[PDB]
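Enquirer: In case you want the letters, here they are:
Protein chains: 2
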Amino acid sequence: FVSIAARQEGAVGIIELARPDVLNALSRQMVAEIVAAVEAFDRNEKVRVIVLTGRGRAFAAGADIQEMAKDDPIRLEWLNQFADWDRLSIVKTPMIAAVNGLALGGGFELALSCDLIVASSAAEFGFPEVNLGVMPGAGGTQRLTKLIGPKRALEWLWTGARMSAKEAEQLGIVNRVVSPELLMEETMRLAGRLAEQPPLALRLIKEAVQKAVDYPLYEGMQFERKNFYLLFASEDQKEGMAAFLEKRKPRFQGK
Amino acid sequence: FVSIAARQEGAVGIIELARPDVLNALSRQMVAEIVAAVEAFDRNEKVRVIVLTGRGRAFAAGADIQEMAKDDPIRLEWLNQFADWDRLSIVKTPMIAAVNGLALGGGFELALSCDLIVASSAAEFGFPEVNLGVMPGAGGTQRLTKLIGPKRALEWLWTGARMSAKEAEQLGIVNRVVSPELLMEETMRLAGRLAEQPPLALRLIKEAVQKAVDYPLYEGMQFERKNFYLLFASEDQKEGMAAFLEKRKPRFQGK
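Top line first, the protein sequences correspond to chains G and F.
Quick note, the first sequence lines up with residues 4 to 258 if you use full-length UniProt numbering.
Quick note, the second sequence lines up with residues 4 to 258 if you use full-length UniProt numbering.
Bound conformation, chain G alone:
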């Protein structure tokens, strides 16, 4: 990898966007590297939580104008660049975005692709694409609308204004906000705690929640209970209940 840096801390896999010189611009090349790194950690059973963050003052900006200016309808159709974003959408391992700063355009879409977002006070979220005559093309219009409704979503999407970390939290987009120098420490502590939970339970709960966002209630519950049944095939289910009865901490192994 030449645009990102990956490392592991216990059962937590960290992917740090490493192009601060261009504010970690999410060019097609950068996205491809992120997808490759995330899928690698997703396949590694030693990794229970994946954390995405950016180096420097920005989390991630969108693709640069020079790259976008080369495009036209047909070139984009053949490029099918958003298929890479779809791959990010189906990652099953828990993913947390530690937004250390600007998360604009593709950057905002990357954070929204994660399951939880821990943000610094230095963070700002927005979709400035409209001011360039275009629009978000990687789920931005979809995920934002589902989270805050069409009335509020259109305000942000049509104006391209930046949303502070605080309002993002009030809207339910961001889970918590902390000072810049405490961001990674707090995020890793949270990831560490999640890494102590039953891996299969976190995985199947996430799948159920994904369906809850799209599925009609009855069918979402139909899927939900199937995952419920499946968890009773795990040794972790036996361990969790034995630990509860013995009044001791459970020691989940992801099986």
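There's no promise every hint is true.
Identical copies go unnamed one by one, so any copy, or any two together, can satisfy a pair.
Said to hold, decoys possible - No farther apart than 27 Å at their CA atoms in a straight line, the calculated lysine-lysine pairs in the DSSO-like style are these: (1) 149 to 209; (2) 258 to 214; (3) 73 to 229; (4) 73 to 250.
Source of the hints: derived by calculation from the structure; they are not laboratory data.
Assemble chain F onto chain G, guided by the hints.
Expert: The following block gives chain F in isolation, referenced to the frame of chain G:
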């Protein structure tokens, strides 16, 4: 038109309900005129934003009892009066409701049919239909539930109580609240700013957001990217990016 008054201010089309003598009651006749006026502005490429507002102290009340009392199941089936409301739902041009006062029943449904809502402190929203033994029939039960959830929606729909502009804003239904004498000034300023944005971008973003409300994420994104591709066929996309590089304001022409 005998129930409304339309006018233009720059690239902003204004439709003012003009029956304050009956609090701009949304009778079938009034709705038909609104639909005709809105579709006219929607087809006019000179109009980039449409603003709906009411004359007098009310934005719009629902159809009067005398008109409703004439109905029965079969008469209503043949009338198919809500087809006119469906036509309002598919207007592609940005629409803003400047709620100057009471927006009850059909009135609330009219405001909800707009993309953004700027409200006066004189505004109140509600569905008193239940107290007459009936219910909202023009999207009220649907749009309200999608915006604030079934738990809160049923409270308002079952009781028919009036919601203040302030709580409507806190719930994400209203975008902003201003004093009565500043409502139009503020709304027109906002519309003016939106009129300076890329018309095709606002149009396609709105379409994507409409899908986000109904579509499962994956398919919503499938549609979203098609609109993204299409914007690169516009001259405005070229203008927006050239303007950004030259550090000057873009001059969008809607092509």
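Enquirer: So, against the hints stated earlier in the document, which numbers end up violated here?
Expert: none
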